[PDB]
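The other protein chains are all here in position, but one chain of the complex has been omitted.
As written, the chains take the letters A and B, and residue 1 is the first residue of each chain.
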Amino acid sequence: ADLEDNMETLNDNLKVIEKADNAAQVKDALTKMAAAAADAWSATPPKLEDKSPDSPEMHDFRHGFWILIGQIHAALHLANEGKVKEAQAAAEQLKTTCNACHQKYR
Amino acid sequence: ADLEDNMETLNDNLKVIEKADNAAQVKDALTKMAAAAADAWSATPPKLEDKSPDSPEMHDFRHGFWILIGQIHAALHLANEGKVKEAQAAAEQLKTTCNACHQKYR
Partner (left out) sequence: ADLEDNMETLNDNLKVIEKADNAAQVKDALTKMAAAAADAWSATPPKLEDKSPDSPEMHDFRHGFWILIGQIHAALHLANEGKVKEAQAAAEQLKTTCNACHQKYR
């Protein structure tokens, strides 16, 4: 997918999570987030087009999606286990990851 | 691209790390491995074609490559600071993750 569509999917589904009624809905938003973050991994952002793929910038760029995928995964488990409230909390906190990569490369 | 191709890339570069000349050939081969493993992220292996993308088997499957990439990133950091022998050792012990997944899904 386009990086840009991948982020819309991240943004949209996080909101779906903040507003969810039950576990089924959070878990579904999390899955979709996982899909998008997995796909984004290999993307080159506009701000790093003049950067070599094996370069520190692209290295740290990729790692951002690694972290996010692990967090979504942890959060996805809380959801599977029916823990709506804490799943929503994990979901929240992975925003720090969105910001960390955003501050730098967006 | 293909799951098959990704594995050939994995296998080849593991041999490339074992024979490595210097830090850079080690780093370059590890980079290729991470990109191949992330390409495989969302591939669907023959043995799990009957299984829902939301099943424990696929969960287990995608998670392997996440562990792997992590292990690769860790080796990469060893190489970055010029501990080639140590980076080469982690690429050896990195086979435990390969095997773990083949055992279940190949």
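Worth a mention:
Note that in this section a residue touches a chain if its C-beta (ideal position, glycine included) is under 8 Å from a C-beta of that chain, and two chains touch if they have at least 3 such contacts.
Checked against the hidden chain, the listed residues B:48, B:67 or B:98 yield one contact partner: B:67. Considering A:6, A:13 or A:71, the position touching the chain not shown turns out to be A:71 (whole complex). Interface with the hidden chain, as seen from subunit A, comprises residues 56, 60, 63, 66-67, 70-71, 73-74, 77, 96, 100. The set of subunit B residues touching the chain not shown comprises 63, 66-67, 70, 73-74, 77, 81, 90, 100.
As a convention for this text, only the chains that are shown with their structure count from here on.
Once the centre of each chain is set as its mean CA position, subunit A and subunit B turn out to be 22 Å apart.
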